[PDB]
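For chain j, the structure is supplied; the task is to place chain 2 on it using the hints.
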Amino acid sequence: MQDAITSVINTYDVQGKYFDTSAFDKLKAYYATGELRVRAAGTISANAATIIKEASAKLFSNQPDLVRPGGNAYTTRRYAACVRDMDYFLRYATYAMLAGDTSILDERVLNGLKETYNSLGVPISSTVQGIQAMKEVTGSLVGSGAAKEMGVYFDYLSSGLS
Amino acid sequence: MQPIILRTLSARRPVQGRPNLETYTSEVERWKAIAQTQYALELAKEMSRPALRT
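Those sequence lines, one after another, are chains j and 2. Quick note, the first sequence lines up with residues 1 to 162 if you use the deposited numbering. Quick note, the second sequence lines up with residues 1 to 54 if you use the deposited numbering.
This is chain j alone, in the form it adopts within the complex:
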């Protein structure tokens, strides 16, 4: 995977350049947000089960057909797979927020996910709605700045699915 620092390093390595002022500015921008990212990741980890429960409640309230017979979240196994998927999304969004870069979302989550969901009959729009529900709950839990930061990676996930 790639973080913000490795992203900058790679952009300068492909050009064979030593760091200039702008690179050091970008690195300072990343180092300046490190304490905020760490506090956000700790808070999210402490309350991840609560976030998943609240966001799944919101998703299934807005779309009750999902958990009724015929819906893709109707069986104990499909409901479990759905909430497990949401737990994965929250965890990897935390990984990317801590890394300051969306590369891990591509590498381990989004690559092949839309094809997988199409091949399984998983509704894409409903999964995007669940991601938005996690966005809302997580933001309420982590506060303004950390919420704006986690929003970037939640939106990256939603865009990758949409």
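Since the hints were derived computationally from the structure, they do not count as laboratory data. One thing to keep in mind: the hints can contain errors.
[Stated by the list, open to error] So the derived list for chain 2, only partly shown, Cβ under 10 angstroms to chain j, looks like this: (1) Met47; (2) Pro50; (3) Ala51; (4) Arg53.
[Said to hold, decoys possible] Just a sample of chain 2 residues kept apart from chain j, beta carbon distances all over 10 angstroms, derived: (5) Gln2; (6) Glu29; (7) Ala40; (8) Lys45.
For each residue, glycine too, the CB sits at the ideal point set by N, CA and C.
This is chain 2 only, laid out in the frame that chain j set:
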């Protein structure tokens, strides 16, 4: 031996051949179509179920 005994009497049936059955065959085909519809309806009910909800 002088009683009149008749041996070879002609039969009831005529000498002609078998009449053709095209109209009967058509009505039988109609019955077949009606019977096929009642099974095709069930299989069609099967065709209109959702895709990946096993």
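Results of checking the hints against the structure:
For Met47 (chain 2), the shortest C-beta to C-beta distance to chain j is roughly 17 angstroms, which exceeds 10 angstroms, and the interface hint is violated. Taking 10 angstroms as the C-beta cut-off, the interface hint given for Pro50 (chain 2) holds, the closest approach to chain j being about 7 angstroms. At about 6 angstroms, the closest approach between the beta carbon of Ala51 (chain 2) and any beta carbon in chain j falls short of 10 angstroms, and the interface hint on this residue holds. The criterion of a C-beta within 10 angstroms of any C-beta in chain j is met by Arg53 (chain 2), whose closest approach is roughly 6 angstroms, and the hint holds.
Against the 10 angstroms criterion, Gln2 (chain 2) stays outside the reach of chain j, whose nearest CB is about 96 angstroms from its own CB. Residue-level check passed: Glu29 (chain 2) sits 40 angstroms from the nearest beta carbon of chain j, beyond 10 angstroms. The non-interface label for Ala40 (chain 2) is consistent with chain j: the shortest C-beta to C-beta separation is roughly 25 angstroms, beyond 10 angstroms. Distance check on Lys45 (chain 2): its Cβ is at least 15 angstroms (rounded) from any Cβ of chain j, clearing the 10 angstroms threshold; non-interface status holds.
Violation of the numbered hints given earlier is confined to hint 1; every other hint is satisfied by the structure.
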